[PDB]
Amino acid sequence: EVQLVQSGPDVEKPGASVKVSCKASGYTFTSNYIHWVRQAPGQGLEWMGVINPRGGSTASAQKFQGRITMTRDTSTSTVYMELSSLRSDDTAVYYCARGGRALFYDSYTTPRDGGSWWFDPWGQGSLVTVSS
Amino acid sequence: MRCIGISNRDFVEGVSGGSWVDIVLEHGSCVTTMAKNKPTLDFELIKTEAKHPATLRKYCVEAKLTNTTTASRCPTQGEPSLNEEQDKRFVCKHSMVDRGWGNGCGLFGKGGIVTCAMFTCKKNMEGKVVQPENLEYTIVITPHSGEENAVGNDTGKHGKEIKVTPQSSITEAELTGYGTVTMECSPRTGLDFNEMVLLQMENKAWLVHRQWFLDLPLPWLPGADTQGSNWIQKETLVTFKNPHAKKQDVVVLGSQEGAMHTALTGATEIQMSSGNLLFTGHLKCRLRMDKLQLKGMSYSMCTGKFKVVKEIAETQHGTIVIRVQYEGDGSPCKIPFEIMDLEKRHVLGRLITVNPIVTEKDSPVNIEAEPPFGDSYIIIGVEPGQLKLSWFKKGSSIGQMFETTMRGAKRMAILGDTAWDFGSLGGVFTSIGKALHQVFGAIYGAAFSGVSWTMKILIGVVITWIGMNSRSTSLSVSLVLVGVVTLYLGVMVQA
Amino acid sequence: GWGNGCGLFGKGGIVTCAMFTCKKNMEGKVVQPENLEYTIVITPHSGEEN
Amino acid sequence: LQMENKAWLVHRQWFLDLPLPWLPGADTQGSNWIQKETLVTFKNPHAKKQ
Amino acid sequence: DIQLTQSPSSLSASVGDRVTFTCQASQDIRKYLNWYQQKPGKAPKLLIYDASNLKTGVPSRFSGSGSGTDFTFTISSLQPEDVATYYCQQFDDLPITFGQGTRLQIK
Amino acid sequence: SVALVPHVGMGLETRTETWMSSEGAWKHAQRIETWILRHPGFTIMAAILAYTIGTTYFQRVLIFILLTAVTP
Amino acid sequence: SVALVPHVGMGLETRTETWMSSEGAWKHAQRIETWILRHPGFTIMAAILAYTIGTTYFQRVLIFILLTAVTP
Ligand SMILES: *[C@@H]1O[C@H](CO)[C@@H](O[C@@H]2O[C@H](CO)[C@@H](O)[C@H](O)[C@H]2NC(C)=O)[C@H](O)[C@H]1NC(C)=O
Ligand SMILES: *[C@@H]1O[C@H](CO)[C@@H](O)[C@H](O)[C@H]1NC(C)=O
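Protein chains in written order, with the working numbering: chain H, 3 to 134; chain C, 2 to 496; chain P, 14 to 63; chain U, 818 to 867; chain S, 49 to 155; chain B, 10 to 81; chain E, 10 to 81.
I should point out that these hints are in silico values taken from the structure, not numbers from a laboratory. A few of these clues could be false.
DSS-like cross-link-like pairs, simulated, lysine-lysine; straight-line CA separation at most 27 Å [stated by the list, open to error]: (1) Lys93/S / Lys65/H; (2) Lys205/C / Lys866/U; (3) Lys79/S / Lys155/S; (4) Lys36/E / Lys59/C; (5) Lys205/C / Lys853/U; (6) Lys48/C / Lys866/U; (7) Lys306/C / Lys389/C; (8) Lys823/U / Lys65/C; (9) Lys37/C / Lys65/C; (10) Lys39/C / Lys292/C; (11) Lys335/C / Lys362/C; (12) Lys242/C / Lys36/E; (13) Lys860/U / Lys24/P; (14) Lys853/U / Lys164/C; (15) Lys37/P / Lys124/C; (16) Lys395/C / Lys311/C; (17) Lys52/C / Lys129/C; (18) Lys164/C / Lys129/C; (19) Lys65/H / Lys311/C; (20) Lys124/C / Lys65/H; (21) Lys823/U / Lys247/C; (22) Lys36/P / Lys865/U; (23) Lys36/B / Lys36/E; (24) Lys411/C / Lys457/C; (25) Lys411/C / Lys36/P; (26) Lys860/U / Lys36/B.
Turn these sequences into a full structure, and let the hints guide you.
The following block contains the structure:
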């Protein structure tokens, strides 16, 4: 089925870098866009960035400019988010999910739209805490 | 009304065609039009708003360095290497110095050496582009005829805002009473975007055509960005010292921001704060007036006894607005406004209120008109003749036609052959004009484009000279055309 | 004009002024052909090691 | 000529004629700068303001 | 840039009631807007797309409305299992952004 | 650098003034003439060249104003 | 501004390299040639002028490389 399994929660020291994984199933792993959305406990949802499984194109939000890399393994049908220079503010839960995708490379607006952003089957979330 | 005082304005007489008219209007300009009927309207052009941009380019005007390891092999053998040369976020260079027993190592020769540096930029340029889509013009089309305050104060509601976008057309507009009006834009005939770039600096922005904005030096970086820090270039930035022999050094280049200003001169700027402010440019609309009442019909002519407030107010060539305040009963009755010669009615003015009208009574209604080149005898009064005001217009016939020709010259310049369209319905020879100058000046004005004041005027005088000494009557095709296009276009441009 | 509100309709004179205060400078100085000196090492050949 | 921490040796005249805001060696408080015409430029869009 | 405002911040209501939310956009977003429900400790969930549209599998009491800058989400009859925090989502331009959220409290 | 490309002839202009607005031209002139005042000899030699080559009087004039233009 | 009069010929030049050393020249060239590529027509007309005026061949060459030197 449409499904997402993220890796389990982790904790890191400030200034560090963390790598969270997003595995998917139930469709063609190259047929949907991936986005990462974060939620701080005392806050709502925040859109971190985007990766396209097909071909590897990527994009990110201004706030995380410089701080976040996205990669994939097609063979495993899995996406990797990574954040650098971890700081206490970064402590939150992270989420990943999809889009119904025209084709090559990632980001569209005009072609209708995805009609979500980590709400349908983005996964189960995972907790990460930046602490000393 | 909302035109007056802006100078530089566009009187368009008559329509014919059964309907329409061709108006070319921009920003600092505005347009006043007339027909043998229908109320005089004014087209004033305000902010142009392009909504959705998309970001192509990152230029940085300033950076800094740190870390910055370096190496040399010392030998002959080898060209030195360093691991951080791998990440292109560094900058790298090879140079050659020398080494030996002083350096301590091998062989006594002129050595290879390298260096790298981490590279990070604080300041940018946001330059984006907009497709010839959702971008829109906003127009105020204002009626004349009284209703106090200001021939001025473009603020305040009369001519609406009449929005338009290429996405739509036909520009259906309404005003009180007569105010049914149909306009048609041709924005795709506008600035020719996709040739265009909107460039936001720290605040101020500039509209410059694409290629130049591609070829411009200084550190490159593509719209995708996204942590990339991937900057190409940097060789024109961050120069490296190599004093006489030993070692070498790397130097932050220093902000060019001003110099960049010096570059962006010769370009109209643009303010951009929220989403767009865009000014300048120009557009072409065609106007179908069918659909217009005279704003009042079958009345009585005033009664009598007007009492004026203030005086004459010429402004550029003509219009002579006057303000008057009617006193009496008769309710919104026509105002018998006339402009006459000395005595012995020859009467000739030309009146632009056309069909002035009293409102609710008390309210300072106003008028504008065009007396002849000479003495003028203006009369609003009827039953006890009520009033007469002496006027004199200086200037003005030959000089008029002359200055007019100057205007039409400027408009042949600046705006091009859209200028030829700026009249209306000349049948054949207007069209054939627009085409002849179309491809003609298309070849000639450009191709010998990209040139400035100096070289323009100078090339002008030289080619007109070689024309003066040419044979076979072709001198004219040299010569008159030459000197004209060259000189006249020489001083008028680059403003 | 009447839009501006005031007098009879012409092209007006206008002025402006601004405070002016500077960021980074250049200190440029000069030195007289005095107060200036050269330092030389005049080294012998012939061994030691060094 | 000392900039923020690099300097340059250049011959006098050119360093006199160089544009950009002038100011004499005395200054301290003077803030007296004589130029500025080549520095801050003034907009005058189509008609009103500046 | 595009600032999505969500109102009100919270509501308490009795079962069966009709409830509405409003989201206001700093720019015209046309028909791109979204409505989330999220229960605590759960991933967010879908409700409304294109501001007008239910998803299949979503109960019918849900609806959405509004066009240029302004929008309203509506539940016809409050139901207890609907206790959650709700959101609206601007997709336009892609500096992807969310509404701050609205919490419910059952009466 | 950006010191020279200063987006001038180009096109697109408009009805409204742009930037340095009736300056940068007279700037251009004033500065090159200044530099002429500073280095008169080069003017001399150049002019001599004008009297040497071609010289077809109008020619002289031309190549002379050239050798004025030649200073960066 | 300082954009031009870049303290070059001047004098005083030392044994040691100065600043942009071995760049700003090939900068200057690359710059202007680029601008030539962008505006070929002006090259054309100018060359024509060279074939018009003077034109004892060497002359043509000279006044042409003015075209090169016309203006960035
Ligand atoms: C330009 O238009 C505005 C809007 O009508 C004028 O302001 C009005 O002035 C009258 C004069 O008594 C007031 O009664 C209105 O209340 C004003 N409108 C407002 C405040 O919105 C303005 O006077 C006009 N310009 C000039 C020069 O008169
Ligand atoms: C640069 O040097 C700083 C110390 O000032 C160090 O913390 C940093 O890791 C270095 N970065 C690189 C890329 O060498």
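For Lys65/H and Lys311/C, compute the direct alpha-carbon distance and say whether it is at most 27 Å.
violated (61 Å)
27 Å Cα cutoff - pair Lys52/C, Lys129/C
It holds: about 12 Å lies between the C-alpha atoms, which stays within 27 Å.
Given the hint that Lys335/C pairs with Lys362/C, does the C-alpha gap stay at or below 27 Å?
Distance of about 12 Å is within 27 Å: holds.
Would the hint linking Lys853/U and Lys164/C be met if the CA-CA limit is 27 Å?
violated (42 Å)
Measure nothing beyond the straight line between the CA atoms of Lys860/U and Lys24/P; if it is 27 Å or shorter, mark the hint as holding.
holds (17 Å)
Does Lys36/B lie within 27 Å of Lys860/U when you go C-alpha to C-alpha?
With Cα atoms ~17 Å apart, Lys860/U and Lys36/B stay inside 27 Å; holds.
For the pair supplied as a hint, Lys411/C and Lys457/C, is the alpha-carbon distance within the 27 Å limit?
holds (17 Å)
What's the verdict on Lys205/C and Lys866/U, does the C-alpha distance respect the 27 Å limit or exceed it?
Holds, because 17 Å separates the two Cα atoms, which is no more than 27 Å.
Does the alpha-carbon distance linking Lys164/C and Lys129/C stay inside the 27 Å limit?
holds (24 Å)
With a cut-off of 27 Å on the C-alpha distance, tell me whether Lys395/C and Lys311/C pass.
Given pair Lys395/C, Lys311/C holds - Cα atoms ~21 Å apart, limit 27 Å.
Would you mind confirming whether the straight-line C-alpha gap from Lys823/U to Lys65/C stays at or under 27 Å?
Roughly 15 Å separates the two Cα atoms, so the pair holds.
Given the hinted pair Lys306/C and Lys389/C, is their alpha-carbon gap at most 27 Å?
holds (12 Å)
The earlier numbered hints that this structure contradicts are 3, 9, 14, 19, 22 and 25.
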